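Take a look at this single chain in structure tokens; it is the form solved without the ligand.
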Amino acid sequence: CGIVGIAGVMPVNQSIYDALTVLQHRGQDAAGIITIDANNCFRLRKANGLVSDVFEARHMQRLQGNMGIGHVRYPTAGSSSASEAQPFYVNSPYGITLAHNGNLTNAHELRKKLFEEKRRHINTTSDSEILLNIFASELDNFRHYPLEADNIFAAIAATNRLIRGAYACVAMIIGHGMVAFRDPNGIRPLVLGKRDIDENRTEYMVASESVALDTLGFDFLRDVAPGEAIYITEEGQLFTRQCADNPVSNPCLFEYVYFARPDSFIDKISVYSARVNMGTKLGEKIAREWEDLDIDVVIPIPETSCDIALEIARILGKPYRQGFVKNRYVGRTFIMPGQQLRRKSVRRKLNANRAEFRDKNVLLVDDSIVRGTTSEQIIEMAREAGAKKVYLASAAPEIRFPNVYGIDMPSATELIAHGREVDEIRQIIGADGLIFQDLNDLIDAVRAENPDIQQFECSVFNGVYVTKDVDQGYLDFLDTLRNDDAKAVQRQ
């Protein structure tokens, strides 16, 4: 998911729209934008589909005000295509709205706490609504008006003690301002920016990625620190505070692997550069370990893999050819009574340039291998195209565990790498040869861009969750959400 928040001195709707357009790659399932108009009332518009689908002229009209936050969703367990999208909001205390990217590992607990102690009803399965409510109830502990920045930081701190997992949020509070905070572990991305209009009138902005600041002409100030809370008042003043106890930087290694746009700088690290380095490391490993076999060309599997494979091709000193072209326009498949000769699912996504495979032992490069069904077919497609030997190289290490901090992944039992050795996986997908990026390699490659970061969040590879609170009782609860999501979507 991706979030944006702009506190400006002029109408923020188009900016929030444009900003979401460049964050669109973080979730195309749904989109929402909410602003505070001249009368101190929220103006909301959220629905499923791309940003362009969701917002029309009549919708932009009503999205009045000089401050608003936006969100683009990625379907997950607890928030399917059918569920209510973000941002959510409550009218008390004062009127709060919030959008978030990340996942609360103690969500269930919190829903219970909220009901028993605060009698606060959570109407959806979105942990975003829970988070908004915990935050809301904490602000309810201040009897006087208006609130002082500390109050808000107190609330935020309290919230950090109560919730667990990964999160990067932005929210607004009527009559006061806009706030944004990152989890104590700095797992989920969040950056701050500004844009001076004139003498003493700066507009501030926060977003999941730097590309949102760029596209709007905002000056990149810095990343929001782990456990830190930012608060911009309605008068344009920026305040900050450390709201966590033991803040640590354990950036999500996946953001760098393929989820984030390569022109983004996350925690002083360039996604593009990081990826190139991944090609260097993998290319070196391949030269070392696959010394004897004869590959004739390196072929990336769109999209992420392009620059990485190029680097590997360079290291291997072999030609790089664009063998697969991605079908940028994917249509809907209509269920019609007797779909005679259907189109191959894989071909729905990619197309193979026959000329690049004929009688060539090819080496395909992909950012990651999750299910393997896909992988198996891509390999199959290559053999169909005329490739003698088809070898696969993954830029990411074996994905063995599901992500519970913000990235939608299938259950541990669906991940083909879970409980399998490289050679088995190779046989299941039919690759003549398979090879993965070693985890420490991947780390060095990213860490090279910023040695200050000493540990990354990489549980999907090692099964080590920085928050420690992930268990099967919890993993199974996520599956209950997913099931209700599937019956809801199936119902539709």
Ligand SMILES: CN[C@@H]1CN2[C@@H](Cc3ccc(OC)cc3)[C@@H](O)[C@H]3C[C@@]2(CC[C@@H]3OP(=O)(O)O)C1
Given for the second form:
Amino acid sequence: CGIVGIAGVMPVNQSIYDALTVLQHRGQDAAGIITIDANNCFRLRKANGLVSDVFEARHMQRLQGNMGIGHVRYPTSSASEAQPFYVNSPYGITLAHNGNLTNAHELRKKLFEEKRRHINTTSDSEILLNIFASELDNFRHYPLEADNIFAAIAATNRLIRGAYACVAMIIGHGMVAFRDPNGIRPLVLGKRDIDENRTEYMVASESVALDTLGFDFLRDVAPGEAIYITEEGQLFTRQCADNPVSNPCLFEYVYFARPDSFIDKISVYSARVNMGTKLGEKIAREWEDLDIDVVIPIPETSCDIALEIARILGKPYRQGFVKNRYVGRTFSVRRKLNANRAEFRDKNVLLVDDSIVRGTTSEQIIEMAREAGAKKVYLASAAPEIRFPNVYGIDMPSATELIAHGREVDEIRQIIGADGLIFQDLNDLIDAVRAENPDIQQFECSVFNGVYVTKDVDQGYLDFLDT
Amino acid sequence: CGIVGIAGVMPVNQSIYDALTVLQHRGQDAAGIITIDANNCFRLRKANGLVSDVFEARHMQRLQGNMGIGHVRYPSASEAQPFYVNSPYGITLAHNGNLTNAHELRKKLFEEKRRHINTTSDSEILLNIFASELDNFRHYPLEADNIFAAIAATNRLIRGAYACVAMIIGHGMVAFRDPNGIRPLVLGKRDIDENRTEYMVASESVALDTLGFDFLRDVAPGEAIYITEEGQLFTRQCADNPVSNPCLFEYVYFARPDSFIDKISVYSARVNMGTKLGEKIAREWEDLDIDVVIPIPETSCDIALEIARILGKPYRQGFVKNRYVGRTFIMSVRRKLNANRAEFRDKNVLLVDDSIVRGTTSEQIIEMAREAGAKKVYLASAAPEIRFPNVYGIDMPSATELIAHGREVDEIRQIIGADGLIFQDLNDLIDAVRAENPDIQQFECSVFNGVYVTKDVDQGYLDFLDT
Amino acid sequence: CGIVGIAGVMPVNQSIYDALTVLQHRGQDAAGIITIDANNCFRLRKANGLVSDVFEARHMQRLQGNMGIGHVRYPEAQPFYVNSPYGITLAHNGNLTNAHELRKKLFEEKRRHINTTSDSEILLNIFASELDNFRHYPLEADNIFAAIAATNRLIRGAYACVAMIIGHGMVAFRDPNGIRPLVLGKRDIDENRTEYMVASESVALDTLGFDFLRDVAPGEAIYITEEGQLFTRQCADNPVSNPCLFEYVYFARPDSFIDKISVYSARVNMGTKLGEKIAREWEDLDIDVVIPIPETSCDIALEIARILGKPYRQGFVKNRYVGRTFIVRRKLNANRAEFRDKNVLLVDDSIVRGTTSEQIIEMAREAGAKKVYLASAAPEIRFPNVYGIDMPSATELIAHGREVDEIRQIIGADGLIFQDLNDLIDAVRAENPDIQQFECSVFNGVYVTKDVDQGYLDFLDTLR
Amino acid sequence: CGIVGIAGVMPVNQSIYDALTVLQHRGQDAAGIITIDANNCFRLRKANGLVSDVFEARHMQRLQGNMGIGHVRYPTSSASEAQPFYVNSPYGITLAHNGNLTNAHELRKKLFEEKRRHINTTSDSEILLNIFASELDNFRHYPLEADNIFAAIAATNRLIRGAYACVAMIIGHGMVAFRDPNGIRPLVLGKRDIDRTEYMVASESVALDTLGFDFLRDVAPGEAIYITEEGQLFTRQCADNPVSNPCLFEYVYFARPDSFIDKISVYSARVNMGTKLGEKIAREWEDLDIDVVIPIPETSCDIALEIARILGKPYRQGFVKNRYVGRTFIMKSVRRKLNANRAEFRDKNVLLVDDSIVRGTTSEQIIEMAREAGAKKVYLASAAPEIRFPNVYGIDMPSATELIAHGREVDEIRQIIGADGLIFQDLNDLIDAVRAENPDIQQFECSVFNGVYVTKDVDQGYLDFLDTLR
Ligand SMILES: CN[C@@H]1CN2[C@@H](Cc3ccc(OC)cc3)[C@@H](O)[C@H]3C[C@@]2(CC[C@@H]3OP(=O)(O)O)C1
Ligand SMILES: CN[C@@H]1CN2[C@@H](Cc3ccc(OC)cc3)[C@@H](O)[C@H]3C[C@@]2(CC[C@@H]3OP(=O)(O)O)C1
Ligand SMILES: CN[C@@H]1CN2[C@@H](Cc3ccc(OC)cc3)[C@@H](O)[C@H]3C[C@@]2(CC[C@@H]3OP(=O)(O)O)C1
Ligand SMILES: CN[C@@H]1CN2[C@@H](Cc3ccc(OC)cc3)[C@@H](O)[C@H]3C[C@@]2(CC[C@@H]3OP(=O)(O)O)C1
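Since the one above is the form solved without the ligand, can you give the form deposited with the ligand bound too?
Starting with the chain above, the whole complex follows.
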């Protein structure tokens, strides 16, 4: 998913709309925008579909105010309620959330038993809003001070487990934003000076959101850190986690994040290029005695990666596939992709793709290369084998739907009908990313090695999540 | 506005939809339905427009549950009912009427409970006052006595008129009525089979008939109803000094004729209105010559028929109301009514309308009769002069827009351009209605005499309302 | 179905919209409007649904022009149009009984394709085909009337039409039997500018402030040029006035004047006739109250109560709002105080399938009524209508093949009585005795158009 | 715009939907499909918006038949102003068109004055449909023979002027398709053998690929195609002096890279464009020092890669295209479609490569985006030559009064867009770049560059215009 919040001095409805559009790649199932008008009342608009579908003219006019947050959903269901969520007591709080709680079932029971707070959905973003809400509910003075809010967030970080990048608003106070104690989910802080007296603030899941609005990049929101921006335009920061550490989602760099984004001081584009350098060198070694004629990227994530791989192997780079800018319904990847036949005929081709989950896409893309007249079809995956399920925001097939589960490269290869299959090495992937910011010692790579940094996941929770 | 709530053992989504459709006359501006599904979670759908527009197939599929409440609003671009709060327990409420101390109540909710009110609707205020009272208990689940206690404390807090219906998660449906019994609310039951019994409440009895529910009785003034999730019915008075002062205007116009409010058939009442207006015309207009009595559809159709009987004159359909009415694009009573030319030609006509508020409609209708070739046009209002604003759930123009305000009958006659004008006496009206149930000794007729039963209506508020 | 055409000096999009609303009772299935702008082009908007739902603000801005026509269809929509010759659009209320023959001729003789099943597109093309035979420009009034006269010789059945021709003006005509209603109205702005309009009922004329001129005579045609000139002419051989009798019974508006016959006054007379018959044939009948079934039979049952000397009371209340059902009680509600322990006389305007009556009678007993009797304002309906009236098949008609008692027994009534055909006729004829013979095929099975009987004769030849 | 026509033995609604989608790049303003059902009747669905928006499930179920045509239109009112159009007489004819008629006015008059046929829209597609119809109206037999139809198209070609690639259907006959005498607008023919042979035609070969049709050839300039309801194929030359003058801008920008237009791979052509441009920069920009070559997504991506290869400089993605753009609500910057990767500009002499310059608006903003990103000197290379003239052969572009390269020389344009350096592709180099993939193409349609219009009526009307000045 993708979130965004703006504490401005002027109407921010169009701004959030534009910000979400550059973040539309993080979720396309639903979208939402909530603002605070001149009467300290929430204006909400949220539904299913793309941002351009959800927000029509009449909706934007209703979304008055200089402060507001937005959210775009990556499914998990789809027919369920979308974010941001809202509660009237205390004060009136709204919250958008990117990530996943691992003890949501435990928290839902506490909120009812200990607070008589009802949770109407299966979204753990509503659970998060209420956990944060019940803690704010313990104060009885007004207005709240920054320390009360930071105390509430600190108390929330003790109760909840998992990964979360959050942004929220409180009526008559301002905007808050915080990151989990592991820095798994991305979150950046921005700034924009209108004049010497007025400065706007915004947070977003990616820096591209900051860029497209003309917001000056400040920095990443630190792990376990919380931001608070009063409606007077004042910035308060505070460490609200006990033992914070930078374990950024590695797969953000591999695929999900935008290439022109900078996450934890790491250029997504550069790191992604470095992935090609690693994978290219590995291919030069492991496939030394194989004859390859051309490197053909599977658009669009693997384009710059495949280019570097070609640079290493000294082979030519060629646009063998074309992705259609638009796609239609069927009231079958050959509707997204089309093979430039002249680039496959009587050639040994190396296809480069970002990853392999189920193996369905890969099998078909290989068929297309052969139907185009390719002698041999070799495939390379920019990311290592994906054998374990993510529980930090990335939703994926059950561990059994994964083709790499209980299988090895040669078996996975034979199923997808490739002459050769080669995965990126997890350590090479780490080095490729670490090269841009060595301060980062360990990433979050559960989908690869099955090691969860939160330390609270068993087969029991995994079995549960399936149902 | 119109309200409905059904506590049954079957999908009530369709039954509430049908219930609101027979109540659609009570409000066309907005509609809402909320239910409690098998997982004890609220399913909500509410928007602007008519019931037929608001609820499409996909919405009905969502509204699962064996218990729910409905609402149809009479005004406008604001948020509609029913409203919902997730804490405590999870409550929802639909309300018909008005709170005269809503501003006071909104302050208390904020300063004392930190509960934010996001809407100008006092139905959200009434929802939060109630929720805040249920908040004082610390056990679970609640007993019938606790719910009744909270409703009692509510009545001691809120002023004005109100008929409500609500749902508390894991408890059941509750419904109550203001101490003065101003706003309509009836209780009904249906025996599906010997083992289980369904219950429902609604604004008028026609909703009970439509669904096939047996009419039990009117909800007593200040009384509260509580149907558990197990179908157990609880009843208890929650006001200190209950009185039956039903809205007189429900009888004059707003309620359907086949409805029985407080043991009074609206139809039988409106006949008696014609009986006493005809008798009044017989004496005070004895010398005048009229050739025919013509009703202005459709409330006065049976009233004018009675007036015709008493006068011994012919009753003829002179006006026809267009069953379909369209828009007037920005790119007037004639688009709703049409004169049967033959019925007016060379005749002294007596027009019978249900009321006179602004006086605009009356003027145009008289002019239509003139264009239709009428020598003289006399207008008889089935209701007394309207001089004072209603603060109990009836939307009307400011006291200044009322033509009968600060004027006398003949002054009104000249402006609307009639040769003769006569109103029914307020005491004739009361007798006409009381003759169906002599038990009721007093009515809510502040729009006629300016006597406010709650007594808590002072100047300033009356002048504040014009905002 | 209902049609309207306006030839004015000012924008008519709103006017046609308002006219269609008061005619909305003639069709709720679909609606369409087409106008001609200053560039002499057709602006069209048509789709399924009510008039209020079909035309939104964005459509009305497209419907520019001082002339145009509208249509509401009783369950592709109208109007249709063709580009050659000149550009012709047409809306039609009625039905063609030789549509298959006409469709065959248009293809073999003129190479004109028909893409829909609507005989409005057929009628439009027959008319357009005739206009194609002229090569001079502009066409004159005589040319157009000849084209309409030629059409009347080819087509068969009942029809009230309104049409427009690019760069010429509006035309409207009526079938040789005057079965489907069509009226003409005017409206003076100044002495040199006069607007004209035509419609299915006079209520459309009244609602717009147009002066009623006269019924369009059977077989007659109307023509209004762009310059606002009126031409009339008889375009049929041996025209006759055989207006639809059922228009007066139900379909038409009570405040409409069809062929100089007030629909309202007509429906009163029917009650007078039906009330007098009950006094004679049901002299032993013991009823406590006369109850109408909303909304057509209200002023009929009122008259029936007068003739019987019994009281009249609103026993049923129809819901003003339609309610969809997902995957009669919905529209009618019984005032259970007017039935309780009473012998009631229910008055409905007609019985077709017998479904509505049966359930309504059950609703009467449910309300505690002792005996439920049923009077029908219209005679037994035993035959199909092929003249532009949507009714279920003859196989679904309950009165067909069954007698009065058997009918009464299927709907479960203690008493069933029908209006007599001749009594009904006199009721309507009393308003305008110049009308000798009505079109009432649904009742007696007599079809006035001569084309229909020969069709039977050729049907018999196939049975050999 | 884009067109497609399928003549098969199975339902073609989905097939045309899939075809229009891969041609969606040729026009996004409106779309329309029309088929002939079992009853030999026309089923039509057309309205404004993308293909995916115009065609919902309820519209797809009504589009029954085994033969039909589709259309996508670029931005021009009503839904009846979209294609295809349709006339009920004679026979029943529908037609979809990609191009532009240079004598639409005189054709509107002849149709009215001579045939009494009314034109209701501003689309000359409706004009083209009525011209072809009135010619078919001269015959008095049935059914028409393939020879009769071809004769009608021939007479049509002698009447109309301009550029066009059409596909049409005639009730009870089959699918017709033809191309203008100059072969300006593209059109390709394909087949599919299910056991019976299906046939389709489309603007680009990619439509054939995505549906699994085998590629046969380009429809020849002035040639016509006729496919009957029974699946018989006819071809005929209906132009008197047919010549191949393919639209040069198809290869530059508008055509899909994986399409083969007139035996020329669009992708190979653009690579060659990068070659010719890179070589020109190495010649005329000896001294100037750059640190990186940055393409402006997405057309110039592979072109910039080649230019960088030639220049021996690095290729880096300085700009990223927003794949989702939204509405800007009243109550238009290029930042909505483009974002800068700040790290790739900072303290560098960048060479930007855009496919073209029309108004100079986009270029100016993109140059500033580079400047604020940290770039020292920003150079701009255009894959296409100066655009100095309006296109009247079916290409949609701003009014000729907005063309920055008109009456202005390169250095004037450079300081208006605020570039440190500006360079255009030479038309001769560009022509050699495309003609290298198919030397038998001698002359292109590049009127937007040289102001040379291959159709004589244009140059003739120009002199008639000059006469009005006196
Ligand atoms: C060109 N880029 C595409 C996007 N790719 C991935 C992206 C992805 C999303 C979530 C995730 O979390 C675990 C991991 C990866 C998948 O959507 C698809 C397709 C594709 C590659 C492998 C998969 O196809 P599959 O192998 O399951 O059939 C190609
Ligand atoms: C045919 N029935 C209509 C309903 N009537 C009333 C109904 C009404 C609403 C609120 C109320 O509380 C004060 C009292 C009455 C008004 O809607 C209209 C029209 C009408 C009568 C007098 C008024 O017209 P106005 O005098 O303001 O121009 C006719
Ligand atoms: C009071 N409003 C309705 C008037 N009625 C008629 C009107 C009608 C329609 C078509 C027609 O063509 C021959 C003749 C008459 C029918 O719509 C329905 C319902 C109704 C009564 C008898 C019929 O129901 P049915 O007998 O088929 O069950 C009630
Ligand atoms: C990166 N892809 C776009 C392709 N471009 C062209 C495409 C084009 C359209 C019509 C035409 O008439 C023959 C020639 C070319 C123009 O749309 C725009 C924008 C752009 C580049 C130069 C122009 O910008 P302008 O200077 O007009 O503002 C960027």
